[PDB]
Amino acid sequence: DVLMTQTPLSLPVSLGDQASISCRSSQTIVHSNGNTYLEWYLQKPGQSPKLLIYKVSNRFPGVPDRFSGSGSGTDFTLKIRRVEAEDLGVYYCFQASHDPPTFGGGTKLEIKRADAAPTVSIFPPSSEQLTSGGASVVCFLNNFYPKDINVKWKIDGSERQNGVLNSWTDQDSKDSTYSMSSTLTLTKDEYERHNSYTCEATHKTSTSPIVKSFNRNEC
Amino acid sequence: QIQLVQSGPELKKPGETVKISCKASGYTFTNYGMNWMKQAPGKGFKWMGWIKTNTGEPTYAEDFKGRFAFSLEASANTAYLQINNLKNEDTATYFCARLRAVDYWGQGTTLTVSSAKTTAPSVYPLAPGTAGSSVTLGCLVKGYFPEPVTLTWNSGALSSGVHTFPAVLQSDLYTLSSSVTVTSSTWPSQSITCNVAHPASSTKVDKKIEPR
Ligand SMILES: [Ca+2]
Ligand SMILES: [Ca+2]
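Going down the list, the sequences are from chains L and H. Numbered per the authors' numbering, the first sequence spans residues 1 to 27, 27A to 27E, 28 to 214. Numbered per the authors' numbering, the second sequence spans residues 1 to 52, 52A, 53 to 82, 82A to 82C, 83 to 98, 101 to 129, 133 to 213.
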């Protein structure tokens, strides 16, 4: 099996800059007919892969001139001339020269943008969840960059670690930020034993934590 | 144009058999073989094998010989993938793709192999919520199986200021959420509605966000 090592594993680049993805084969990859069947694909979190480049350097219809392929031997490169936001996704090289055809592991392209602090909001369980015996406290941290952020829950002043579920969006296509959802699930009985619920976020954009909180008796 | 249309997502129990269809149009089906690819949850594409569309002669990758069968109906411009005796690790998205050197891909068919049953979600409105400049509302979609759920706001009418978060497994069941940010001079006088669809269980839920 020919293996395909891609480099790098993820690629942060600014708009307008240019990007280089490398794909290295563990054996030469000339087919018995003389051609090198090396392809590049872009996959977006939405979709199926779309062909960019076939036979090393040929562009597929409708792929813009900004993408170009080159290489030889065991060493292949995809260059992305003028990075646009639409170029977000995961790039793969692929060889169909020797069976089984094999893929590279993928490179993740991220858009490098300026730091942005999260906008944090907090929501107590709805009335309707509480009748089911359940209580999720939800905190949204919206539109921030870079992706790295820590979120802490406190209950009546006390850090709570278990029952916390986090979820990140992919990078937005409009503004290149990330968002995240943090949920603290409790029984109704445990939810009703405390008064104050706090969502605290530590982001490189500030040394002080952003705190959002509510008291069950405040409104 | 050229398209490859695959059948929809599937839930099977370990041990069962799936057949997944790949329907081509836009070209002479019999001139171009059809590949099958597996994308396991996470990263990675793996080639399963190919089938010569004009003779129905298949070729399987080493790791795919035995439980897997390629077939065609020509006859219908359809190729099929059957997977027998399903285990956990057959959980993946399956693609058909045309040409030896491969060019066009189908849109993929996700297979979930699980003994967890089809289960409808509950939808909870998240209000701030009752009495600046900006308000953020949300929707909690709790306890469904399998993926996916479709979540829109109003009826697609709100697209701006929307974040829908990927589903996470919360003891056997999925949870997802969505937030939407609107002008404070909008809500609560213009109604805001979270519309949830769970095609597997045929659930359609509208939940109005009421101030608390
Ligand atoms: Ca940028
Ligand atoms: Ca099941």
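Please keep in mind that the hints were generated in silico from the structure rather than gathered at the bench. Check before you lean on any hint, since a few could be wrong.
Unchecked claim - Not the full set, but computed from the structure, chain H residues with beta-carbon under 8 Å of chain L:
id: 1; residue: 107
id: 2; residue: 108
id: 3; residue: 133
Said to hold, decoys possible - With a cut-off of at most 27 Å between alpha-carbon atoms, the simulated DSSO-like pairs for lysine-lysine come out as follows:
id: 4; chain 1: H; residue 1: 13; chain 2: H; residue 2: 46
id: 5; chain 1: L; residue 1: 103; chain 2: L; residue 2: 199
id: 6; chain 1: L; residue 1: 45; chain 2: H; residue 2: 52
id: 7; chain 1: L; residue 1: 199; chain 2: L; residue 2: 142
id: 8; chain 1: L; residue 1: 183; chain 2: L; residue 2: 142
id: 9; chain 1: H; residue 1: 13; chain 2: L; residue 2: 183
id: 10; chain 1: H; residue 1: 43; chain 2: L; residue 2: 45
id: 11; chain 1: H; residue 1: 43; chain 2: L; residue 2: 169
id: 12; chain 1: L; residue 1: 183; chain 2: L; residue 2: 147
id: 13; chain 1: L; residue 1: 103; chain 2: H; residue 2: 209
id: 14; chain 1: H; residue 1: 143; chain 2: L; residue 2: 149
id: 15; chain 1: L; residue 1: 45; chain 2: L; residue 2: 103
id: 16; chain 1: H; residue 1: 46; chain 2: L; residue 2: 50
id: 17; chain 1: H; residue 1: 143; chain 2: L; residue 2: 74
id: 18; chain 1: H; residue 1: 208; chain 2: L; residue 2: 207
id: 19; chain 1: H; residue 1: 13; chain 2: H; residue 2: 205
Yeah, the Cβ is synthetic: ideal placement off N, Cα and C, and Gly gets one too.
- prompt: Against which earlier hints does the structure fall short, listed by number upward?
  reply: 1, 2, 3, 8, 9, 13 and 17
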